[PDB]
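A.B. asks: Residues per chain, in single letters:
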Amino acid sequence: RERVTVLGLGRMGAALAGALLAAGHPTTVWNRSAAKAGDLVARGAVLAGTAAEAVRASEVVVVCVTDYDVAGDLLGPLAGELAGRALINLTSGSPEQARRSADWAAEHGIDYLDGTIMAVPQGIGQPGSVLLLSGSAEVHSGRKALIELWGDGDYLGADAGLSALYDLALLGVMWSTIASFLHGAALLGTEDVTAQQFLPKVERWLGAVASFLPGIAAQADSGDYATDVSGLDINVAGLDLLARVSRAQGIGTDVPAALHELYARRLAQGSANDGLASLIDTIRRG
Amino acid sequence: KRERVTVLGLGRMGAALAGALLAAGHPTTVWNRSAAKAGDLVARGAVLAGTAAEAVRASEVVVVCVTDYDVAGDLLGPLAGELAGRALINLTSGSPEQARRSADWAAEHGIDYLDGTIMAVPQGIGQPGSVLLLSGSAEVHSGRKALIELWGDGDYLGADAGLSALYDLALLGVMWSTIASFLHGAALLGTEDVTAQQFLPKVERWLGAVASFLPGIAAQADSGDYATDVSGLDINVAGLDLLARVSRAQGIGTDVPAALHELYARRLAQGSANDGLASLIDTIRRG
Ligand SMILES: NC(=O)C1=CN([C@@H]2O[C@H](COP(=O)(O)OP(=O)(O)OC[C@H]3O[C@@H](n4cnc5c(N)ncnc54)[C@H](OP(=O)(O)O)[C@@H]3O)[C@@H](O)[C@H]2O)C=CC1
Ligand SMILES: NC(=O)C1=CN([C@@H]2O[C@H](COP(=O)(O)OP(=O)(O)OC[C@H]3O[C@@H](n4cnc5c(N)ncnc54)[C@H](OP(=O)(O)O)[C@@H]3O)[C@@H](O)[C@H]2O)C=CC1
Ligand code: NA
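These protein sequence lines are chains A and B, in that order.
According to the numbering used here, the first sequence is numbered sequentially starting from 1.
According to the numbering used here, the second sequence is numbered sequentially starting from 1.
Next up, chain A with everything else stripped away, as it sits in the complex:
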C-alpha cells in the first residue's frame, strides 16, 4: 500500500483521501486552507505544510480542485517537483483542458492520467462508481488497484481528453432521460398520478428503450437509415401529439417541443421511412 498524495480537499478530494486511508495507504494531503484537512488528519492523514512538500512525499499525486484554471495555478509551480512522478487529475473540465494538461505534463516527465468521476463523493469506494480515465497507459496499468479504490476504472485510451468527452456524452443521456421523466410525471400529475406511481412504468419501459439502441447504433454507423416500422414521419407526429396533449392537460411543452423541432428538421431533409438513427446526421449539422 504505497504512499499517495491528494491535492485539494473539497468534498470530492476529501473522499479520495478517505478511501486511500480505508485501504491502509499512508495519505499525505494539502489544501490552501488547513482546517479542511482536520477530519482526515484525525483519520491518519498527514497534512503537509505546502503543496510542494505534499508532492515530494509520494510517487503518485492525485489532484482534485474546482477547475483547470485553479489546477494550472497550483500545478504550474510544482512542475519540477512533479517530474518523475505520476499525476492523476480528477478535476472536472473539458477535453481541451485535459489535453493542455497532458501536453504540459509531458514537457516535464510527469506521467499524466486525466480522469472524470461519474458519481458523488459518498460514491467514492463503491463499485457502482465509474471513473472514466484517459492518458498514460502506464499510470493506469501501474496504479490500477489504487484507482479501483475509488471505483470501476474505465481506461479509454491515450488521448487525455477522452474521459471528459465520454463523461459529457453520457451526462447528456442522463440529463435528457431525467428531464423527460419529469415531463411525463408532470403530465400524469394532471390526473393526480404521482411521480412515484409513474416510476415503475418508466423503469420497465427503459428496458425496452435500451433494447432499441443496438439497432439504432448499427444504422448510425452504416448510414443506412431506411426502416419499415418506426418511421420518422409517425414519430414526428407522436411528438406533436405529446406536445399538444401536454398543453391540453395543463403543463408546459418545452421537452416535447424541442424534440419535435429536431425530429421534424430531419424529416424535412431526409425520408419519411428514415429510422430514428438518421437524427445523428441532423445533430452533426446543427
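Worth flagging that the hints you see were computed from the coordinates, not collected in a lab.
Backbone N, C-alpha and C define an ideal beta-carbon position, used for all residues, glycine too.
Be a bit skeptical, because a hint or two may be false.
[Claimed, not checked] The following residues of chain A were derived to be distant from chain B, with all beta-carbon distances above 12 Å:
{"id": "1", "residue": "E2"}
{"id": "2", "residue": "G38"}
{"id": "3", "residue": "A42"}
{"id": "4", "residue": "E53"}
{"id": "5", "residue": "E107"}
{"id": "6", "residue": "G125"}
{"id": "7", "residue": "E138"}
{"id": "8", "residue": "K144"}
{"id": "9", "residue": "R204"}
{"id": "10", "residue": "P214"}
{"id": "11", "residue": "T253"}
[To be verified] Here are the in silico distance ranges between beta carbons for each label pair:
{"id": "12", "chain 1": "B", "residue 1": "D153", "chain 2": "A", "residue 2": "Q196", "range": "19 to 27 Å"}
{"id": "13", "chain 1": "A", "residue 1": "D228", "chain 2": "B", "residue 2": "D241", "range": "22 to 30 Å"}
{"id": "14", "chain 1": "B", "residue 1": "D153", "chain 2": "A", "residue 2": "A137", "range": "43 to 51 Å"}
{"id": "15", "chain 1": "A", "residue 1": "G76", "chain 2": "B", "residue 2": "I235", "range": "34 to 42 Å"}
{"id": "16", "chain 1": "B", "residue 1": "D153", "chain 2": "A", "residue 2": "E191", "range": "15 to 23 Å"}
{"id": "17", "chain 1": "A", "residue 1": "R247", "chain 2": "B", "residue 2": "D234", "range": "29 to 37 Å"}
{"id": "18", "chain 1": "A", "residue 1": "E138", "chain 2": "B", "residue 2": "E149", "range": "28 to 36 Å"}
{"id": "19", "chain 1": "A", "residue 1": "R43", "chain 2": "B", "residue 2": "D160", "range": "54 to 62 Å"}
{"id": "20", "chain 1": "B", "residue 1": "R57", "chain 2": "A", "residue 2": "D224", "range": "43 to 51 Å"}
Guided by the hints, dock chain B with the ligands onto chain A, whose structure is given.
C.D. replies: The following block gives chain B with the ligands in isolation, referenced to the frame of chain A:
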C-alpha cells in the same frame, strides 16, 4: 378460457392480435374492409364475417385496431346498436381525449369499454416484454385478463379511458429523449472516431445507473423537498453548458444540450442552487 372473440381490423397489428387469439384456440371471427388481408387467418381457422356487424354479433367481446380514432368512429358509430351489451376493447392508437369520447359514447349505448395502447411491434405480440397499457372498464379487464395476456403484459391503469394514451405518450417522451441524447453522444464521440457501437456498451451500463437515480428523483418530485448536498442544479446547469460548448468545439450542433441547458436553468432562476434535478418538475408544471 376459449370464448368467442371478434377482431375488427386486420392491418399489421390487428392481424397479429387475431393470430394470437386463434393460436390459443379462441373461436376468432374477423372483419377487415379489405377481405384479402384475412387470408392466412381464415386458413389457420378464423371465420371472416361478411360485414362488421356480422362480426360484432358473432362474439361478446370485440377487439378494434385500425389506423386512428376518426376511422374507428366512422366504423363503430353505425354499430352502436349491435354492440350494446358486449365488450369493446379498442387498441387503436390515439389521444387521451379520443379515448374518453369513445368511452363516453360507449357508455351512452350500453357498451363496456376498455381502451388500450400497445407498446410493441406486431412481431412482438405474444412475445415476452410486450406491454399493453389498458384503461376503462375493470370488469372487461378482469373478465378478459387471459385473452389480453395472450398479447403481452397487460397493465390496467384505472377507470379513466384516457390513461393508457396519457401514460403511453409520457413514456414515448422518455424514448424520444433517450434516443436523441444517445445520438447526440454518438455524434460527439464520432468526432474522435468512436463509433456508435463502441459508444453503445458504455451507454447500456450507464443507463442502469441513470435508472437507479430515478427513485430518489421521483420521491423528491412528490415531496417538494428538493434539497441536496451532492448534485445541485448549479453544477448540472454548468455541466450542460459545458456539453454544449464542447459539442460546438468538437464540430457538431448543440440542439440537445442547449435545449436541456435552458430548461434546467429556468428552474435555477426561480429556485435554489442546491435544488436537485427533481425541482424541474415544478418548472414544467408551471408552463
Ligand atoms: N461534487 C460533485 O457532485 C461532483 C464533482 N465533480 C468535480 O469534482 C471536482 C472537485 O469538486 P469539489 O472538490 O467537491 O469542490 P469544492 O469547491 O467543494 O472544492 C474545490 C477545491 O478547490 C480548492 N481551490 C483552490 N483554489 C480555489 C479557488 N480559487 N476557488 C475555489 N476553490 C479553490 C478548494 O480549496 P478550499 O477548501 O480552500 O475552498 C477546494 O480544495 C470538481 O472539478 C467538480 O466539478 C465531478 C462529479 C460530481
Ligand atoms: N404497427 C405498429 O408497430 C404499432 C401499431 N400501433 C397502432 O395500431 C393501430 C393499427 O396500425 P397497423 O395495423 O400497424 O396499421 P395498418 O395500416 O397496417 O392497418 C390499418 C388498419 O385500419 C384499417 N382502416 C384504415 N382506414 C379505414 C377505413 N376508413 N375504414 C375501415 N378500416 C380502415 C385498415 O383496413 P384496410 O386493410 O382495408 O386498409 C387496416 O385494418 C394504429 O392505431 C397504430 O398506430 C401501436 C403501436 C405500434
Ligand atoms: Na522522483
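A.B. asks: Each of the hints needs a verdict: does it hold here or not?
C.D. replies: So, going through the hints one by one against the coordinates:
1. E2: Since the minimum Cβ distance to chain B is about 30 Å, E2(A) lies beyond 12 Å and the statement holds.
2. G38: Holds: least Cβ distance 19 Å, greater than 12 Å.
3. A42: Holds, because the least Cβ-Cβ distance between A42(A) and chain B comes to about 21 Å, which exceeds 12 Å.
4. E53: holds (31 Å)
5. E107: holds (23 Å)
6. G125: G125(A) is indeed farther than 12 Å from all Cβ atoms of chain B, at 15 Å.
7. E138: holds (21 Å)
8. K144: Correct as stated: the minimum Cβ-Cβ distance to chain B is 19 Å, above 12 Å.
9. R204: violated (7 Å)
10. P214: violated (6 Å)
11. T253: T253(A) is in fact no farther than 12 Å from some Cβ atom of chain B, at 7 Å.
12. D153(B) to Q196(A): 19 to 27 Å: For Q196(A) against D153(B), whose Cβ atoms are near 20 Å apart, the range 19 to 27 Å holds.
13. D228(A) to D241(B): 22 to 30 Å: violated (40 Å)
14. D153(B) to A137(A): 43 to 51 Å: Once the Cβ atoms are compared, 47 Å apart, the range 43 to 51 Å for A137(A) and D153(B) holds.
15. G76(A) to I235(B): 34 to 42 Å: violated (25 Å)
16. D153(B) to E191(A): 15 to 23 Å: holds (22 Å)
17. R247(A) to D234(B): 29 to 37 Å: holds (30 Å)
18. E138(A) to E149(B): 28 to 36 Å: The hinted range 28 to 36 Å is violated for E138(A) and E149(B), with Cβ atoms some 57 Å apart.
19. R43(A) to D160(B): 54 to 62 Å: At 57 Å between Cβs, range holds.
20. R57(B) to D224(A): 43 to 51 Å: At roughly 48 Å between Cβ atoms, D224(A) and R57(B) fall inside 43 to 51 Å, so the hint holds.
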